[PDB]
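What follows is a single chain, given as structure tokens, in the form solved without S-hydroperoxycysteine.
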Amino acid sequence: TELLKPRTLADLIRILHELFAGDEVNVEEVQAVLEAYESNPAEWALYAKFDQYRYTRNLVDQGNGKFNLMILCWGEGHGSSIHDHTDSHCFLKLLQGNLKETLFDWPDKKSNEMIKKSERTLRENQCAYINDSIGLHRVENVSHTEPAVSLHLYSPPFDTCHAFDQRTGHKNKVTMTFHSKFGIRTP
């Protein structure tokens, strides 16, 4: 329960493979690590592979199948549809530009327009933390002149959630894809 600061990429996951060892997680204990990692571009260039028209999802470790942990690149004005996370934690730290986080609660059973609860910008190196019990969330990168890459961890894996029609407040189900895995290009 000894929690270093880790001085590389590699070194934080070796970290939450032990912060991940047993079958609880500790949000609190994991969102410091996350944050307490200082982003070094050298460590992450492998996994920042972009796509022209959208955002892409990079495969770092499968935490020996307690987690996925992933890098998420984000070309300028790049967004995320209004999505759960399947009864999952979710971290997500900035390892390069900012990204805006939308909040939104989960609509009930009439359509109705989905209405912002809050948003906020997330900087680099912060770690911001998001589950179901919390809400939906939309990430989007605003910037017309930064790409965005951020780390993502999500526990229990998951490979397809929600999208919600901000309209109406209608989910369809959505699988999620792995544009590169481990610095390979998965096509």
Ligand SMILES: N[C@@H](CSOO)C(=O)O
The other form holds:
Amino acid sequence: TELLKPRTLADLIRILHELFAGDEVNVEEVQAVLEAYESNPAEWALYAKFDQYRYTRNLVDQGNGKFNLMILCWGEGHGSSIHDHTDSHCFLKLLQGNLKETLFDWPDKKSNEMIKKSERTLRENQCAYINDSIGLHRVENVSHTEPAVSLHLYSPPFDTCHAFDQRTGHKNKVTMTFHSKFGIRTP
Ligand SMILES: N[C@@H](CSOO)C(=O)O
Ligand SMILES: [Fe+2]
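Please supply the coordinates for the form solved in complex with S-hydroperoxycysteine, as a counterpart to the form solved without S-hydroperoxycysteine shown previously.
Whole complex next, starting from this chain.
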């Protein structure tokens, strides 16, 4: 505070560095500033590198170690596993298109079908928030005709998580990778 409207992606990044200067996170403030940034495709084209077969993760800023800010690019029909967020805050702001978010409870030790809690459609410029205390989720671009682009902020940064088998609740550890960093493809 004061929380001012980010004028550009670069301005948003500057404001985020201020909000993450300390050791804690004001979730509502971070969400509000992410929401207030009006997506401008020209500002993030550099990062919007798609793959034909699955969604991509494109690192934008390393947050001076406090957070990772990245752009995810979802082709038509591309989605995630049901997954957690490794004891981190996770903000998801739509830059282009729409994504379906399905929420799930943490499974019990007992093998069982994971039934959805709820679902919603996240629309252009909206910012959602998740953490492990809230639950697990799947995120999907269910469109047949429109790619989706989202802006994700994780604090602290993390590069592993778990994917959950919808049929059993069984989890496995996954290492996350980056498709690009700072606009540069990182095979
Ligand atoms: N957590 C997923 C995206 S859905 O997360 O908000 C990822 O970073 O790949
Ligand atoms: Fe997620």
